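Presented below, as structure tokens, is a lone chain in the form deposited without this ligand.
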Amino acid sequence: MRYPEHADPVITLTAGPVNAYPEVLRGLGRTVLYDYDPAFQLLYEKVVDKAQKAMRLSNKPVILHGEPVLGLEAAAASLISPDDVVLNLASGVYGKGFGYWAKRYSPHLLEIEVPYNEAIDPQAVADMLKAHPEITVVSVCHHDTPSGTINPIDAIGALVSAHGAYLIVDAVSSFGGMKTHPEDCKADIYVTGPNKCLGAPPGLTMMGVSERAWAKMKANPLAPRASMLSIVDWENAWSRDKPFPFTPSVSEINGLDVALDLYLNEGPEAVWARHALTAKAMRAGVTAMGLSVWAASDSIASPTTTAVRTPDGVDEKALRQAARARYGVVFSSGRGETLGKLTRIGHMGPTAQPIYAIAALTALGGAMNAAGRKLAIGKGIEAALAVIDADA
């Protein structure tokens, strides 16, 4: 049998979007209220409170009403002034990408760039900060998703703080799937969204903003105002007694309310543990069947996405097509520099269950062997299962 391209797949095991939690799908269909209805104003306030609790935040996170690329661009537009000296950290497609936004708001850009399967060495950051005391803003991506690798943002953040500089973090593809919070890395702007590990659809930004960052942006006359890119306009909009700059995405808010309920109710630690175990099992299965994990070492491999290097002579696009057509299972391509060079299996929210690593490994193995490889698929499943049983 074959699954046609026009029809739904059986399992989406991508690095996001994945199908949302079923409770969230239902939550998206909640009553759409007028945004100035007193019941919605109370709801919105409560959703901000739930976000604050989930993000372990000492102050209110800001919800912005676009998918997290809005928070990332807006953070650059608001926190980076033309006299700032920005140090961008790039270990992948998104990290490198952020440097273009920094360059938009300040002409002074320093960068540390490493190969796109490695992580940023905190010591290289320390060295650069010593060499360049004029640095005022540092930007970093936690999980550079097209690579399935993790940067040590907490150790980086402590150094940035040591040098009196501001920190911007992209935690879009990491928050909720591992232990990470604005406080943990001393972030001044920490950008995430519910559309990766939190198992909601794209549409909203969750942004932690330090009191120091508030002061800086508010004093910046170039910080966007009366703009979709404005953070400062949203400063008090959490409050049931205050207006919204423009109409909030009411249905996405209902979905986020549910996503947060699920996370808080399951218990964030339990949620992180199942992501990490699923990815661990996946990596063990990948290695045991005769494939290689992309990341240069296992210690920097993401618990929320496994990237698998494409063997020579293997068309990565035909591989993904074959996994879907044969087995109903969808994986992600790479992006930019990793496009064509690896395949990505997400472990995110509802897909972060070890049984899905088993399903992923089988579909991946199957498609590889269809392409003429001779993978030990059984050995792979057994290695992944040994990982799961060892944790039991």
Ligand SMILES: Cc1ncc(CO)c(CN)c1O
Second form
Protein chains: 4
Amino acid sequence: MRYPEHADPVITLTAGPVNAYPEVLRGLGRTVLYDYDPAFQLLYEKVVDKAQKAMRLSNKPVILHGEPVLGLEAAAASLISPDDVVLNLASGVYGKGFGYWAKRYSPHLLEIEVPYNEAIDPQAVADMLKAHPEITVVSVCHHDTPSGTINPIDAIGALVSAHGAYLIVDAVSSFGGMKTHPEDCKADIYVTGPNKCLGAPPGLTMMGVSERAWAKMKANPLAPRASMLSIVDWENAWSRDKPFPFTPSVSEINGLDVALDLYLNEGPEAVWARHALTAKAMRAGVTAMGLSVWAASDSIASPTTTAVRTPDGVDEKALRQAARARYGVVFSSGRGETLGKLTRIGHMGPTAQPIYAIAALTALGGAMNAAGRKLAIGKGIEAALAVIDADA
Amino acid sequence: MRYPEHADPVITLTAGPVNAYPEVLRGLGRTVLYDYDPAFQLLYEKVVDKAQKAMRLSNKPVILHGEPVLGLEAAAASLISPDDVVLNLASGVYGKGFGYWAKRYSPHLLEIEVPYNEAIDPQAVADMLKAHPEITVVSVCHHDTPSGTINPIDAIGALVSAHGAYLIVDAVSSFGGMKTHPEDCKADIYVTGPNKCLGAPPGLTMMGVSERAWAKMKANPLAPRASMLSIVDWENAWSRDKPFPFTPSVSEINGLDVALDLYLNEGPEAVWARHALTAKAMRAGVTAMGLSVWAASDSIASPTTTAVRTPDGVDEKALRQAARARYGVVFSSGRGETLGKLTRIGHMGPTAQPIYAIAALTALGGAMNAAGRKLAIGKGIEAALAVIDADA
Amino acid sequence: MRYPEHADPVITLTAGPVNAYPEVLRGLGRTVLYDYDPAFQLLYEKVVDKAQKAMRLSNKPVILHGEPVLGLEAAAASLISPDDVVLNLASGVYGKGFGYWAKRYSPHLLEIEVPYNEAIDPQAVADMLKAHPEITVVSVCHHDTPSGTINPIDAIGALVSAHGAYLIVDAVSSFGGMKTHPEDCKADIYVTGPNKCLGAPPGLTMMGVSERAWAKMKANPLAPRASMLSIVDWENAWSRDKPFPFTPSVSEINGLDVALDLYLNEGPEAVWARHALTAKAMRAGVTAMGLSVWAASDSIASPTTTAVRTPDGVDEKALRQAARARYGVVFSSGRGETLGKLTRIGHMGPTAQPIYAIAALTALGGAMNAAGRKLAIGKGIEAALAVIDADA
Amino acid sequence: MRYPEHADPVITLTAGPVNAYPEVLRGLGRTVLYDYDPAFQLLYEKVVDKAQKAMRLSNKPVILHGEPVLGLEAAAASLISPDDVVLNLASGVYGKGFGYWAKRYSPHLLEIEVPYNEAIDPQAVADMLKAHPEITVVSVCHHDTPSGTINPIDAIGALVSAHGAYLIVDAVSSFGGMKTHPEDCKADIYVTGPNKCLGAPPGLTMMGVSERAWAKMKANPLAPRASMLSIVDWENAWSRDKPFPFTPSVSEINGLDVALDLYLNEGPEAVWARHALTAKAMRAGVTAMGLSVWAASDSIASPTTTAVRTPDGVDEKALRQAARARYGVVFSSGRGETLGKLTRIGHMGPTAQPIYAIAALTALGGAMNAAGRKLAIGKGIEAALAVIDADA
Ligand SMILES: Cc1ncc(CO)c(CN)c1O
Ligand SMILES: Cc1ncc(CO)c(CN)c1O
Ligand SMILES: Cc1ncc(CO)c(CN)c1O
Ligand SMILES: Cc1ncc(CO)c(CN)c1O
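Now that the form deposited without this ligand has been shown, please provide the structure of the form deposited with this ligand bound.
Okay, now the whole complex, with that chain kicking things off.
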């Protein structure tokens, strides 16, 4: 049998979007209230509170009404002034991408770049900060999703703070899937969203903003105001007694409310543990069947996405097409420089369950063997199962 | 009895958000596909196709992934450059507000302004264009929602086309509720969304873009690129064979898909008819009970919102609070310069049914009489019912 | 304009089914678990607990997996033995109907019957019990829905208990809409369901069973066992550690779980108050516009349904057809003997809000006037509004 | 990690209930119409029409408003009278169970019984009918779910028709998952429902009734009338111009409407193919890892459920508990005489996709090996995958 391209798949095991939690799907269908209805004003405030709790934040996170690219662009536009000296850290497509936004707002850009299967060395950051005491802003990506690798943002954040500089963190594809919070890495702007590990669709940004970041932005006359890019205009919008700069995405708020409930109710530590275990099983299976994990070392592989290096001679696009057509299972391609070079299996929110690693490994192996590889699929499944069983 | 502020209301009869069509609420809970899944790529293309059909467009409308303030800001930022001389037409909050964005992108701003219960006079537009050959861009709001009034955008658009200028039209709260289309008014940029008459929640922008506008925006070094504010980045994203500049709001697209099906299946003309009838009945009831329609004339009153002038001396905020607390019915305040001057009752999508005008009249009259007015509520209901019963 | 018969209506204001609460609609879409999954076994037990709390029951209510006709037939089949002497009380279609089931299970049937707009006199019950000391079972209907009238079941229950007889109560269309509980009327079998005032669809029965009723049924070898009609087989099915006699209606259980939450969370007393107020406003409006409430006295009119007598010369079916076609509002016909003689407007769960009485009165008046009546519709609305305002 | 019993599982792979199709879950949340609303009357008629098309029926199927045990009990109660001599065919729990209801309605019962891993032999049926001209009714179960085995009902039905007897067929867990229709087996009563292969929750019965069966039931003084158990009461209820004996399960009808659309739109043959492939892959994997399929032969194994024999010495209850606790995968126990003897993995509707066989095999193998077995799980997965990859 074959699954047609036009028809829905059986299991979406991508690095996001994945299907939302079923409760979130129902939540998206909640009553759409007028945004100035008192019941909505209360709800919105409560949602900010839940987000604050989930992010372990000492102050209120800002919700912005676009998917997280909005938060990242807004952070650059607001926190980077023309006299700032920015150090951008690039270990993949998103990290490198951010430097282009930094250069938009300040002509002074320094960069540390590593190969797109490696991680930034905190010591290299320290060496750079010593060489360049003029640095005032540092930007880093936690999980550079198209690479499935993780940067040590807490160690990096400690060094940025030691140098009196501001830290911008992209944690879009890590928050909620592993231990990470604005406080942990001493972030001044910490950008995430509910559309990766939290199991909601794309549409909203969740942003931690330090009191020092608030001061800097509010004193910056170039920071966007009366603009979709404005962070400062949303400063007090959490309050039931305050207006919204523009109309909030009411249904997305309903979805986020449920996503936060699910996360908080399950227990963040338990949620992180199942992401890590699913990924660990996946990597063990990949290696056992004769494939290679993309990450330069196991230690930097993401607990929320496994990137698998495309073997020589294998057409990666055809591979994904075959996994879907044969088994109904959808994986992600790479992006930019990693496009065509790897395949990504997400382990995110609803898909962060070890049984999904088993399904993924089988479909990946099956498609690889259809492409003429001679993988030991059974061996891969047993290796993955051994990881699950050893944690039991 | 009293309805608590924290509890949900019984009927939301605002000028938006209103509760979405029940089908749309269910639609929002459809499968969230990976955005590069072939089934989603096809779905997105077919949603753009539906929007093109709904908008009677000769070319593809652009969907932007924020609520229509994004469309309006992006249009200013992309189409208006400092060489342009902008004529902004202002008869209300949104019309005047657009001038602020125009001035951000060009120092040259001329305006025709009328009080916020009037419509722009096409003779004044013709005269202004004649006196100012230097005008290159003209902006106008179709339904300036906080006033419940309509501008004659088709005649205005023809004058603008004859002059040789670009036209930017805000049809956020008119499209889908009355006859209007980019073609009808020779729009170069026509901004709307599904969150007023189309009965979806806030989150997306539907934008008609003329071939001439495309060329102007793509030529302009100052037009946003690699930005939330970019229209040009999204030119080819409708196509199943093309990537997305950033991740689309997948669940909002599911909602839009349903909203467009409802509209096209019902028949746009039939849909416009019931908006207009609901509004006509509303206005008749308002006048018969002893209140005044805000619009300077009945002829410019919107078929998608009835704005009712607050009797001098009545506390409009307390009035709305009373309507919700006594009867569970939610109305909109004014906004900006109409705040405190009037109350708005929306007739939009799911609320554009004449029986809702009856409910609105009773709650409005009841709240007014609680504030010491002596309205003839029965007379109001009978006048509204006569309109319904007379409809041919 | 006209609403086609094939298309959905705007507002369903019948005596049930009405549209479910929106939360219940979402709840019906919850995960369908295996009935022997431990999470479902726990859920089912919790649902019984919630039902017990809502019914103010000293012991567990039984949920049966058919709409309440099942409970009523099962009660007759189980509690009525061939040597029982049954007194059936009939003030309408359902009360009279029950006597046919009683006669199925015992040849000994006595009856008190009153006209179908009147109520049973507790004194007549007392007189009958004195005349016939051999009576062992008495059956009564609380709200005989096709009549929109209420029997004094607590007073009647006290007299039945005084005579040592068992009491079967049909509270299908009263429970949750007014103060009534098995304990209040000393019921031995108390049959209701969530498909009237509780705002869920039809499918489930909620049955209070006294310990004395349990003893009687279990000792009755003719009581249905291994049967859809079995109550006794479900005795222990509430327990997470016990099996289900047959497969429960899992999705209906999900709906009931939400319905109970809504009721308990709002506060039963507050729920009853809004049913009573909506009905009170409705009756005041009916009378003021020149129509007649069917009930012989206002005191016996149901707080959950208003039955309106059809004027001479008016085609009641055509009337309902016109209310729907003209205004999109759906009312109930009568049933059996009341069919063609009255129209019913329900005030049940989601429709038990006074603003719906206003909509109902307008559509009823409008349709009556279309039929050549000359009703004072405005006067009716004002009378209804006066009732609402006097409770404020 | 461990999945708590109180928390939801990851994948329900039981022989039903399984989670409903996502479209059905949404369908259950459709508007609940008044049952006498013309739009519902039409909808109900069109749902019966869809069921008739799905069942390839020459006449209208009857929908009864309880899960299919209602259909089976009602069929016994209506079709079997004490003059009848019933031949009950028993190869499992449901087959044997039906004999109990037969005996309730006629004292004359003959039976052909085989052990609960076998199928009824059509030669034995022919011989029995020959030896017993007095047989007037024959009952058979198509898929006796607690055994995962299939009886040859088409050949059996032809023998029964030749004999001149009525045939009652239980196709609850076969219809929609393999080729079978009332016509195919000359059924006089054919009982099924949407809660197994059709991917809806429990609550409705779909019943094929022959013209001959109608005449027999309507003649029988003992057939239930004015009863939950009545088939005869429902004969004309499909028609938009006819009343309902009691209130239909409106939300279940919405669910059924969607389930039938899914089935008819996909193509019944295509649907049967994927059930059969999923099952075939499952059986291959079970055997290759070292376990035994319960069915006496592969040829009688159901394409909608794989029953796996418990290795002697293994605690089957603890096994299922382990599969859920370790892997979040839910399997069915046996029932009655198969309880403790085997574990069942359903392949039904939404779970009838081959990738689910892979997940089931891994969780089953993992749980078995945790109980001290030494299964070749990798080998099992590879054998299952080979079946998938071989499918022409
Ligand atoms: C690492 C990362 N950053 C930012 C974004 C923008 O939302 C994405 C989404 N691909 C992402 O994966
Ligand atoms: C006329 C108008 N324009 C733009 C917007 C921004 O979405 C709104 C919404 N108030 C509006 O009513
Ligand atoms: C009073 C009454 N009793 C019993 C039933 C059976 O559910 C109904 C539903 N019409 C009813 O209204
Ligand atoms: C074969 C069979 N018959 C009847 C029923 C009653 O619905 C079931 C459900 N276990 C079944 O599996």
